[PDB]
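First, one chain by itself: the form deposited without adenosine-5'-triphosphate (ATP), in structure tokens.
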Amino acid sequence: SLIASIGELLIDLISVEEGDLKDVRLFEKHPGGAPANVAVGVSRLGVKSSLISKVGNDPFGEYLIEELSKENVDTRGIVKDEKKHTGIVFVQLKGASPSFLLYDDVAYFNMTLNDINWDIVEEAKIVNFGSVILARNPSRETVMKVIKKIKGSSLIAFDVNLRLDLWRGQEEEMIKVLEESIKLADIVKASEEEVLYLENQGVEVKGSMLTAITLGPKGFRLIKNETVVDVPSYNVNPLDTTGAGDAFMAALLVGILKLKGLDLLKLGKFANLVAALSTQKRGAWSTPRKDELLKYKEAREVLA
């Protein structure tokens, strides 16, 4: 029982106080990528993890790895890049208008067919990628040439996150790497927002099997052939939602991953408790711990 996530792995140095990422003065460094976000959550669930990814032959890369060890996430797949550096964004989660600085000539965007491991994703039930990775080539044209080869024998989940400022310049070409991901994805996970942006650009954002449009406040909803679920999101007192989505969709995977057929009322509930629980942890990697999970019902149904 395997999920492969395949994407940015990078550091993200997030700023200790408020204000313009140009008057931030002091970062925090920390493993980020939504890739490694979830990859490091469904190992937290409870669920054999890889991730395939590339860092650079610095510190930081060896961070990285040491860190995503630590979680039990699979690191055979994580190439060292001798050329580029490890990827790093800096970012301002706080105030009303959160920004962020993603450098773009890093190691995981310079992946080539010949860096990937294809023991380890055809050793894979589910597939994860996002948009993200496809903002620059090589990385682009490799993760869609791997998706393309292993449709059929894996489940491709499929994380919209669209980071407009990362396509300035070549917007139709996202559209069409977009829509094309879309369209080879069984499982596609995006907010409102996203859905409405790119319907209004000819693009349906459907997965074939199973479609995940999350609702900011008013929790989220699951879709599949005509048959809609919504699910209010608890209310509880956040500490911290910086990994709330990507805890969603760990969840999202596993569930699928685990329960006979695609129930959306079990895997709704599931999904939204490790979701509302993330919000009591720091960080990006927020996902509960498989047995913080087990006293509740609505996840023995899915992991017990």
Contents of the next structure:
Protein chains: 2
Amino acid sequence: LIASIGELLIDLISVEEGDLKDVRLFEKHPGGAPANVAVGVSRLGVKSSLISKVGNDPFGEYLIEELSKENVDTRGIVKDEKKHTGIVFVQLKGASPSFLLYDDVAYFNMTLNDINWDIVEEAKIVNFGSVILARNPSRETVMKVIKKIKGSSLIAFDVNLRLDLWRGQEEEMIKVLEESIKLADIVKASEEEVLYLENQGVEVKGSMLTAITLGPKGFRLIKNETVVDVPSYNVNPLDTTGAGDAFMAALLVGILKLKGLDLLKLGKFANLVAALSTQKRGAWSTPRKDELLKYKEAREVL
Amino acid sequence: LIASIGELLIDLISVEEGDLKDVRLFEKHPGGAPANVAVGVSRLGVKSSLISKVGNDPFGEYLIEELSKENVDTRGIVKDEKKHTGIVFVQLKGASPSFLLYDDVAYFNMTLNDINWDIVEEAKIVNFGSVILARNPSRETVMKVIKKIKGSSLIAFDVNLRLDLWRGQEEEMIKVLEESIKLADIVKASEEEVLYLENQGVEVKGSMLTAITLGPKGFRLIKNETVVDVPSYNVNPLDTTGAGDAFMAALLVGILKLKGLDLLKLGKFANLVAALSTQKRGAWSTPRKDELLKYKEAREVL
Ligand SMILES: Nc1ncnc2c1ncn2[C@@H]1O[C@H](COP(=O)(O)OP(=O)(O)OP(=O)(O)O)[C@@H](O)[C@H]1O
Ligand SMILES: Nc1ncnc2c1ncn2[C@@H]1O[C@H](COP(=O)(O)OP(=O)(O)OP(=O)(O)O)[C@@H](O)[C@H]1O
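The structure above corresponds to the form deposited without adenosine-5'-triphosphate (ATP); please give the structure of the form deposited with adenosine-5'-triphosphate (ATP) bound next.
Next comes the full complex, this chain leading.
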């Protein structure tokens, strides 16, 4: 029903605060925006699959197992015999969070052969990554997939901009992103990204819907000429790490379930799911359907 | 006086038992045989340098700093503007130790332009690993360097066989190892490595001295046809992880200090350093000079 295609990797999360240079301990967890959204969609009660590529190693097996536990279809996840599973060391704490991502990994080495078309086509909504586009052959491969299915399925794109991933090739970045946006019916981006990109002559807009996140403050929806600000519900945030992908998961589930872009319904659903997710720890903080039924906002969609 | 050239990387050590797939926590430490030996040499009171390459990232800075605290000369460690610092996830525990090494990293990307010849000009002994030979351009860069210095500095080679690093290129492995051995005045290898290579038709012996390790049973020193068996000191091992590199550091310092090749003195000094290193944890377990003066076998050499 809903399929995601993009980076699937291991997050080595710093246990203590400090620069990556000084951090002594790391805790491993499954990561990758597309995979995080795929799990969120699954927890919302919607069948979901992930098309990605991991290495034929212990980390690869771990990721497939963890996704399997969340009920995400992994049949579309290929194992690479040359490249090892993706990894990124992260420091989520402090005033200036940082990361060290290793790019010669399996998810950046996808080829058309690696794509399971039966799955990408059965889906009503196809969500693809921005990070996955920083390196070929995955870039070419993904752009080819999105262009091919366009029109047959709704396309969703989260800008999720990472400048460090395009150093020395920013021009190409502008092209790839602009091209991606133009293919997406549903586009998600933080206000910062929106600003940074328009300042490059790039319009951050989805042909069907645009969702601009405004941090803990809230989000904003744009339908044609209609602009709606949605303040965030009150919560005593435990961890907002997964808020972005939880928000995206809810947004794609809401669109799927609600015939007619009722931004009021949709807006309330995403706000609810995103806010509540700040109660869970980690990259997969999307609340389960069984927990959202108590709310009228969710009952509408779910 | 003593220079090491080879791999320098971050060891992500599993804090708990289990397959890497299930390990949750990893503790980061400096690793790499040549780096480990350089530290051991420095601790024994001899000035040592390391020629290697790390990425221009937090982990690269970490490694350079840790080596500097050990007084190892780091001028010969270059920063790669593209490739990231080497990393290896390791499970040292259990009966079946395992690891996951990422190969497209800085130390495997060394070119002749990365070689600080001055540091190489000073060295009376140059130590290099076989792991660094696993990939080009570093393999050719290292082979060329050692070939040029041959006859000006004593050459030391620790076979340190890691078959997983040569899958698909085992024939080449046999050729490079043999070339490296024939280029070395000093060769170190485990009995297991000696048998594997002899069976491959390769003779494991240095032109000046050969040290065959028998693990906890001690080692064997060989010059020409004069053999000297050195049984292990009687100790209760706490951690043998760094014993090999501690042994190599002692062997080189001994050769540098002791007038002739008195195998008895050399054997006693190396044995003492190795045994005591088993009392310290981690890859850098070589005892410091200050902790050795109270030993007769050490006073001579030191
Ligand atoms: N403390 C909070 N209380 C209520 N809702 C929140 C809170 N934090 C985040 N949210 C909701 O989740 C959405 C996610 O916001 P966040 O600041 O994580 O941006 P994002 O879209 O994840 O950006 P990025 O791509 O940089 O991670 C917000 O727009 C907001 O509505
Ligand atoms: N239990 C022990 N008691 C005393 N000495 C030991 C013990 N274990 C190792 N050693 C000393 O340290 C030296 C290092 O040998 P070790 O068995 O660690 O192999 P190695 O040369 O390090 O190879 P590898 O890379 O496979 O570890 C030995 O030759 C020995 O003298």
